[PDB]
Amino acid sequence: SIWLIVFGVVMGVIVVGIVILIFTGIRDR
Amino acid sequence: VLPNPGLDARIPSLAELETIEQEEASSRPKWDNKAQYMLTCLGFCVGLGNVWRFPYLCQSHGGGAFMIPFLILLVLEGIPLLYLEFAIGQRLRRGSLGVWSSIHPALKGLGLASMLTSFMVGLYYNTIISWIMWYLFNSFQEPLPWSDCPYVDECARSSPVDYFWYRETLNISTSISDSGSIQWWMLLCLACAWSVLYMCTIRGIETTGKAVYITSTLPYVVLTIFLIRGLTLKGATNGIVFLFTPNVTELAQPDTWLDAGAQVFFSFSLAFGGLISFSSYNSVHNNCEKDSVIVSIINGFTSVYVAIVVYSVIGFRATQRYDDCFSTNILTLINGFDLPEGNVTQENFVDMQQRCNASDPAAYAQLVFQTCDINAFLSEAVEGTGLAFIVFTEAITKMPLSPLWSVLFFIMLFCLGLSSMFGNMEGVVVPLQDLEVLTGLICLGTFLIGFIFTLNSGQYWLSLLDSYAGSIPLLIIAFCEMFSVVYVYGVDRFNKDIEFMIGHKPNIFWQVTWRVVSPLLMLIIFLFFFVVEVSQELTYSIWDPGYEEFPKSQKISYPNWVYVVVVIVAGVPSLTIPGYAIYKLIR
Ligand SMILES: *[C@@H]1O[C@H](CO)[C@@H](O[C@@H]2O[C@H](CO)[C@@H](O)[C@H](O)[C@H]2NC(C)=O)[C@H](O)[C@H]1NC(C)=O
Ligand SMILES: CCNC(=O)CCc1cccc(Br)c1
Numbered sequence: 740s741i742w743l744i745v746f747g748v749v750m751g752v753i754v755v756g757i758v759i760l761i762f763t764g765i766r767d768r
Numbered sequence: 005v006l007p008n009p010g011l012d013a014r015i016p017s018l019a020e021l022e023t024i025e026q027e028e029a030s031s032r033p034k035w036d037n038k039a040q041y042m043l044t045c046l047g048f049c050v051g052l053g054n055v056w057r058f059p060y061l062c063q064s065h066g067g068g069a070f071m072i073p074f075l076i077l078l079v080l081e082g083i084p085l086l087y088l089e090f091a092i093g094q095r096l097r098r099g100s101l102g103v104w105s106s107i108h109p110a111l112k113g114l115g116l117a118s119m120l121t122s123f124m125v126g127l128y129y130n131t132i133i134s135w136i137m138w139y140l141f142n143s144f145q146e147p148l149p150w151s152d153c154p162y163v164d165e166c167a168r169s170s171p172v173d174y175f176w177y178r179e180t181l182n183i184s185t186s187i188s189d190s191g192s193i194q195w196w197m198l199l200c201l202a203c204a205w206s207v208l209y210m211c212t213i214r215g216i217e218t219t220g221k222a223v224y225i226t227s228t229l230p231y232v233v234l235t236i237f238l239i240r241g242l243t244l245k246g247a248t249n250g251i252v253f254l255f256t257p258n259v260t261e262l263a264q265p266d267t268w269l270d271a272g273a274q275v276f277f278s279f280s281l282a283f284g285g286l287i288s289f290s291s292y293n294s295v296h297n298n299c300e301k302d303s304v305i306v307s308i309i310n311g312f313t314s315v316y317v318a319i320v321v322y323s324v325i326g327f328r329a330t331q332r333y334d335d336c337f338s339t340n341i342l343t344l345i346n347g348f349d350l351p352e353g354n355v356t357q358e359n360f361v362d363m364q365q366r367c368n369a370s371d372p373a374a375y376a377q378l379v380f381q382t383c384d385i386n387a388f389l390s391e392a393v394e395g396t397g398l399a400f401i402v403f404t405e406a407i408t409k410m411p412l413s414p415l416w417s418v419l420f421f422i423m424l425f426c427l428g429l430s431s432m433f434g435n436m437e438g439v440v441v442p443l444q445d446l456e457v458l459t460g461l462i463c464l465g466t467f468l469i470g471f472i473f474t475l476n477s478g479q480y481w482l483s484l485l486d487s488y489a490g491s492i493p494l495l496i497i498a499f500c501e502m503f504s505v506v507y508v509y510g511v512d513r514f515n516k517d518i519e520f521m522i523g524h525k526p527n528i529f530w531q532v533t534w535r536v537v538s539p540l541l542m543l544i545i546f547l548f549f550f551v552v553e554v555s556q557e558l559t560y561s562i563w564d565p566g567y568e569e570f571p572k573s574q575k576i577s578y579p580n581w582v583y584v585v586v587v588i589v590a591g592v593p594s595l596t597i598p599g600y601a602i603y604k605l606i607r
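Heads up: the protein sequence lines correspond to chains A and B, in order. Mapping of the first sequence onto full-length UniProt numbering: residues 740 to 768, in sequence order. Mapping of the second sequence onto full-length UniProt numbering: residues 5 to 154, 162 to 446, 456 to 607, in sequence order.
Please note that a few of the clues may not be correct.
To give a feel for the contact side, a few chain B residues facing chain A, derived at Cβ under 7 Å [said to hold, decoys possible]: (1) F141; (2) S170; (3) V207; (4) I213; (5) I422; (6) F425; (7) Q574; (8) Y578; (9) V582.
Chain A regions said to be covered by chain B (calculated; three or more residues, Cβ under 8 Å) [unchecked claim]: (10) 741-751; (11) 757-767.
Dumping the calculated SDA-like pairs for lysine to any residue here, alpha-carbon to alpha-carbon at most 25 Å [to be verified]: (12) B/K221 - A/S740; (13) B/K301 - B/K572; (14) B/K221 - A/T763; (15) B/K572 - B/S188.
The hints are simulated quantities; they were obtained by calculation from the structure and are not laboratory data. No residue lacks a Cβ here, since even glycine has one placed at the ideal position from N, Cα and C.
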C-alpha cells in the first residue's frame, strides 16, 4: 500500500534517527 | 501586596543574578542562538492555534464576527500575559512549576495545573497529528483516494470525501457508547506521530532547537504558496469580501466572545507554562519585552494570513457548488422541454422558467429545482476537523497539481502540529524534572493512553477533550498567573526586576493593561463559559449511515456517564490551584 510503504519509510528513518540520537548520547562521554 | 513572608531566599536575589549566569553554564541548558529561541516560541504559538482551532472558529463564526473579538482580546489580555510570562521566567530562572513555587510556597497548583493542561492538550493533539499524517501518507496518488467512491450507499448520500473521513479513515460508530476495536491503520499512524515526537524532543531544547528551523519556517513558506494559489481560485475575493463582511448578530452572542477569549490563550500558548521555561534559558539581561511585542505582532499577522487563505479555498469551493448546482437546475429544464443545449444560461434561467411554464405548465410543474444560492454555500460551515479533511481535501481535488496541493497542505499541518507538540512536551517533561529516559517514559505512557482515539468511537472522545481540556482550564491558569505576579509577588517588585533585566520599565498604559483590564477580561470570558454551559444541554454530532436525512447533523445528547468524563477533564487541573493552596495551609 502507498500509505503503508510511505509510513514504513518514514518510521524506518525516524526510528533510525532515534537509534543514532540515543547512540550519539552514548558516544558523548 | 497580600501576606508573602520570606519570599526572599526562596527567589534568586538581584545582586546574585549577575553571579548565577557564568557559573550555571553546566546543569541547566542554553539557547545556541537568539533566533533558535524566537523561532521555537513562534513555531509553538502559531503551530498550536493555526494547526486547527483558529481556522475552525473563523469559519464557524463566518469570519470577522470571530476575528474582531479575537484580535480585541489578543491585545488587551494577550500582549500583557505574553510579556508577564517571558519576564517572570527570565527573572526566576525556573520552569513553570518552579516560578509559582518560588513566588509563593502554597502556589504549587498553578504549576501542577499547567503541567496537567499541557499533558491533556498534547494527548489529543498528537492524535490530530496521526490523522494529519494518515492523509499525508494517502496523498501520493494522481487519483486522491477521497476523489471518488468505491457506488456504495453511504458514499452516495455522503461525498467521496465524507466517506474517506468517516468510513475509510475513522470507521466511525453511531455513538461514544458503541466503542469498537483499536483501528489498526490508525494505531500505526499514532505510533508514527508519538515516535517522531521522541526523535525531536530526546534531550529537550538542544535537539528541538535544531528541529524548529524547518518546522517553524515550512508552515509559512507553504502558507504563502497557498495565498498565490488561493487568490487565483475563482471564488476567492468573493469569500475574502465575505471574510471582511462580519455579522453583528454573531457578535451579540456571548459564545463568540468566549471562543475568541479561549483562542487568545491558544494562539499565544499562555497558561501551558512551556514559554516560561523557554525564557528561563535566556541571558538575565535579555530584552524579553521586545521579544514579547515581536511575537504578538507575528501571531496576529499569521492568524489573519491563515483566515484569508482558508476563506479563499472556502469561496472557491462554494462558487464551484453554486455553478455545479445551477448547471443541474439548467439541465432539468433543458431536458423536460428538449431546449437546444446552451440556449438557457445564468443570463436567462428565470425568464425561461416562467416562459417554458406558460408554454407547458403541466409539463413544467413536474420539474424540480434546487435553491442554488452562492451566499448560502459560504455560510455552510463544517464542524470538527472538517476544514482540513472535508473542505480543503475536496477543493484540492478540483485544483490541477491536486497531489502536490495535498502533500504541501498536510506537511504544513504536520510541521504546525509538531512545533505545537514541542512546547506541550516542555510543559510536562520540565515540571517532572523539578519534582531521553523520562522523555521516553512520557512518549510511551501517553502513546498507550492515545489508544482511546484509535477506537470506532475515538472521534467522539477527541471532541470532549478539545471542548474541555483546551477551554476554561487555560482561562483560570491565565487569570491566576496575572494575579500571583501582581498581587502576591508585587507588581512594584516586578517593576524593579523588569528594569534590572530589560534595562527599563513598561509603559504606564501596558502596566495598567495587565494591572486591571486583562484580569477583568479573563473574568468576563469565565462568566461567558459558565453561561453557555448552563444555557445549553451537553450534546454532540453523530454520523449514523442509513438514517432519515443521513447527510444531516444528528445531534444526540451524551450519556450521563460522559458528563463524569466532562466534570473531570475540565475540573481536575483547575481544582489543583485551590486544592493544593488549602492542603499547604493545613500541613
Ligand atoms: C450572518 O450572521 C448571522 C448570525 O446569526 C447568520 O445567521 C446564522 O447562520 C448560520 C449559518 O447559515 C445558521 O446556522 C444560524 O442558525 C443563523 N442564526 C441566525 C438565526 O441568524 C447568517 O447566516 C450570516 N450570513 C452570512 C452571509 O454569513
Ligand atoms: C487536521 C486538523 N486541522 C484542520 O482541520 C484545519 C487546518 C487548516 C486548514 C487550512 C489552513 C490551515 Br493554516 C490550517
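Now the hints, each set against the structure:
1. Checking B/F141 against chain A by beta carbon gives a least distance of about 4 Å; that is within 7 Å, so the hint holds.
2. Interface restraint check: B/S170 against chain A, minimum CB-CB distance 20 Å, threshold 7 Å, status violated.
3. The restraint placing B/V207 at the interface with chain A holds, with a minimum CB-CB distance near 5 Å, inside the 7 Å limit.
4. Annotation: interface hint on B/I213 holds; nearest CB of chain A at approximately 5 Å, less than 7 Å.
5. Violation of the interface hint for B/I422 is found here, the shortest Cβ-Cβ separation to chain A being roughly 12 Å, above the 7 Å cut-off.
6. Of the supplied interface hints, the one on B/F425 is violated, with its beta-carbon coming no nearer than about 10 Å to a beta-carbon of chain A, more than 7 Å.
7. With a cut of 7 Å, the hint placing B/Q574 at the interface with chain A is violated, because the nearest CB-to-CB distance is about 30 Å.
8. Interface hint status for B/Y578: violated, as the beta-carbon distance to the closest one in chain A is roughly 33 Å, over 7 Å.
9. Taken as an interface hint, B/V582 does not check out: its beta carbon lies about 32 Å from the nearest beta carbon of chain A, beyond 7 Å.
10. Restraint check on the segment 741-751 of chain A versus chain B: 7 residues with Cβ-Cβ distances below 8 Å, three needed, restraint holds.
11. Figure legend: the segment 757-767 of chain A, annotated as covered by chain B; annotation consistent (4 residues with Cβ-Cβ distances under 8 Å, at least 3 required).
12. With a CA separation close to 32 Å, the supplied pair B/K221 and A/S740 exceeds the 25 Å bound.
13. A hinted pair counts as satisfied when its Cα atoms are at most 25 Å apart, and B/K301 with B/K572 does not qualify at roughly 50 Å.
14. Between B/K221 and A/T763 the CA atoms are separated by roughly 15 Å; this keeps the pair inside 25 Å, and the hint holds.
15. Distance hint between B/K572 and B/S188 is fulfilled; the C-alpha atoms sit about 20 Å from each other, no more than 25 Å.
Taken one by one, the earlier hints fail for this structure at numbers 2, 5, 6, 7, 8, 9, 12 and 13, listed in ascending order.
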